[PDB]
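J.: Okay, here's what each chain looks like letter by letter:
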Amino acid sequence: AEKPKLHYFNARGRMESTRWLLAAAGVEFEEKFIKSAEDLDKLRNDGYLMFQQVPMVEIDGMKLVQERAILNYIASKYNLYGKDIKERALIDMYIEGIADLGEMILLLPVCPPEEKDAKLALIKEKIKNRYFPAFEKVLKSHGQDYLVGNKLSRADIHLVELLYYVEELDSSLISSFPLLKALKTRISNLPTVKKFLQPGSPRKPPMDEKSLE
Amino acid sequence: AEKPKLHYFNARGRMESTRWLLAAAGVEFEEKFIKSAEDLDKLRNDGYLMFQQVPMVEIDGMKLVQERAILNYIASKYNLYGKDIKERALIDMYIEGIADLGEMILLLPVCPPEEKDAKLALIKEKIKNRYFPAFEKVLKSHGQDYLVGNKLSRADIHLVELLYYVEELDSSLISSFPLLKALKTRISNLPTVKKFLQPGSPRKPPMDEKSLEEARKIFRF
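Which chain is which? The protein sequence lines are A and B, in order.
2 is the number of the first residue of the first sequence in PDB author numbering; add one for each residue after it.
2 is the number of the first residue of the second sequence in PDB author numbering; add one for each residue after it.
Chain A with its partners taken away, still in its complex shape:
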């Protein structure tokens, strides 16, 4: 079929988790970067963005917008969404927690400077006291190499992606969570993920001081 085509800025933002998931699935995809106001205006004007926003992914004849819609479809299509309704429920619970933490970190830069040191401190306390304990407990409960169904799912991918973001922020935060560290290592050595973390992949760098929109 058509290779999926990802429309977004040349940046992580709200498209990165899709890059991770497709790459983890071994799926060949192409990207078309939005470099100007004019590029975005053209996609909007031509009718390809349901709510006038990117990310947008062309896949299987659809022009899919909304990160969560894109990710749900990709996960099902490539058998990364568990095997039944109840496994999808655990997966969804897990990944919605990951997205709540992720959203805090995503938005930390565009915070006002006088709130920004306090928001960081609250993120670190939630990481230590709420989120990392919750995922460590799941991994402890069954002792298996994957979060759900003893099989690779989107939840392992989304989690390990966030573990890399948390490491960028503060490498000490994972230190009391040995099962989270071990997950990071195993997932990162899966052939597809190993290739994605290697240079020359679609994986994107963190945003730097030169972030002018």
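In short, the hints are calculated from the structure, not lab data.
Note that the Cβ used here is the ideal one computed from N, Cα and C, for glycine as well.
Mixed in with the good hints, there may be bad ones.
To spell it out: a stretch of chain A is covered by chain B in this simulated footprint if at least three of its residues, at any positions, have a beta carbon under 8 Å from a beta carbon of chain B; those stretches are [said to hold, decoys possible]: (1) 41–53; (2) 58–66; (3) 75–87; (4) 92–99; (5) 129–140.
Facing chain A, according to a computed beta carbon distance under 10 Å, are these residues of chain B, among others [what the hints assert, rightly or not]: (6) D61; (7) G62; (8) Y74; (9) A90; (10) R131; (11) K138; (12) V139.
Use these hints to put chain B onto chain A, whose structure you have.
T.: Okay, now just chain B, sitting in the frame of chain A:
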């Protein structure tokens, strides 16, 4: 056939869309209202809340948190998530747009007072120029009574819920969108939804300033 048990404050918040969905599906549920910071602490200390937050719904042996996990489960179980993964992709795309607008409206009462006039104006502009046109376009595309697959789905239920909240904000916003008005009327006349909209159901009122400070007390913010 144990009834779902919904753990939340006596208010709409992040549990109201689940009330709508369950009611639309003809499913009877019970609610256990959190009325103090002590009640919430107890849920947490009893290990009921994976991430120390509500909403939480006890359903089929699970203690499900996260509004989207709860809704996704109920929708799939009651055949309101479309017939296949491509129909689910359309449903997800539509309901995530609805969620984005619903989020702006939900947070309006805690908007910094100094930002509230500008924010209210921006939401009304997004309704008239972004969201309402997108759904009017989908409805005009197929001319069918439902958003996806010519069949009732969660997308119809969540959209119509939102149309009621937008009417509360400003009743004029829908006036240029005939097909949305028509969808509102059709969905509102389905028996389960008509029962839910009538006086006496578990449907919750708008948050007033009282309910808001009560939330501040319990949530500790």
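J.: For every hint, state whether the structure bears it out.
T.: Here is what the structure says about each hint:
With 3 residues bearing a CB less than 8 Å from a CB of chain B, the stretch 41–53 of chain A meets the requirement of three and the coverage assertion stands. Counting residues of the stretch 58–66 of chain A whose beta carbon lies closer than 8 Å to any beta carbon of chain B gives 4, which reaches the threshold of three, so the coverage claim holds. Using a Cβ-Cβ cut-off of 8 Å, 4 residues of the stretch 75–87 of chain A lie near chain B, which meets the minimum of three, so the contact claim holds. With 4 residues having a beta carbon nearer than 8 Å to a beta carbon of chain B, the stretch 92–99 of chain A meets the requirement of three or more and the stated coverage holds.
Coverage of a stretch by a chain is defined here by at least three residues with a beta carbon nearer than 8 Å to that chain's beta carbons; for the stretch 129–140 of chain A and chain B the count is 3, and the condition holds. Proximity of B:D61 to chain A holds as hinted, the smallest CB-CB distance being about 7 Å (cut-off 10 Å). The closest approach between the C-beta of B:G62 and any C-beta of chain A is roughly 8 Å, which is under the 10 Å cut-off, so the hint is satisfied. Contact between B:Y74 and chain A, as hinted, is supported at the beta carbon level, the nearest pair being about 5 Å apart and thus within 10 Å.
Below 10 Å, beta-carbon pairs count as interface contacts, and B:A90 has one with chain A at about 4 Å; its hint therefore holds. Proximity of B:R131 to chain A holds as hinted, the smallest CB-CB distance being about 6 Å (cut-off 10 Å). Given hint, B:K138 at the interface with chain A, holds; its Cβ is 8 Å from that chain's nearest Cβ, closer than 10 Å. Interface restraint check for B:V139: the shortest CB-CB distance to chain A comes to about 8 Å, inside 10 Å, so the restraint holds.
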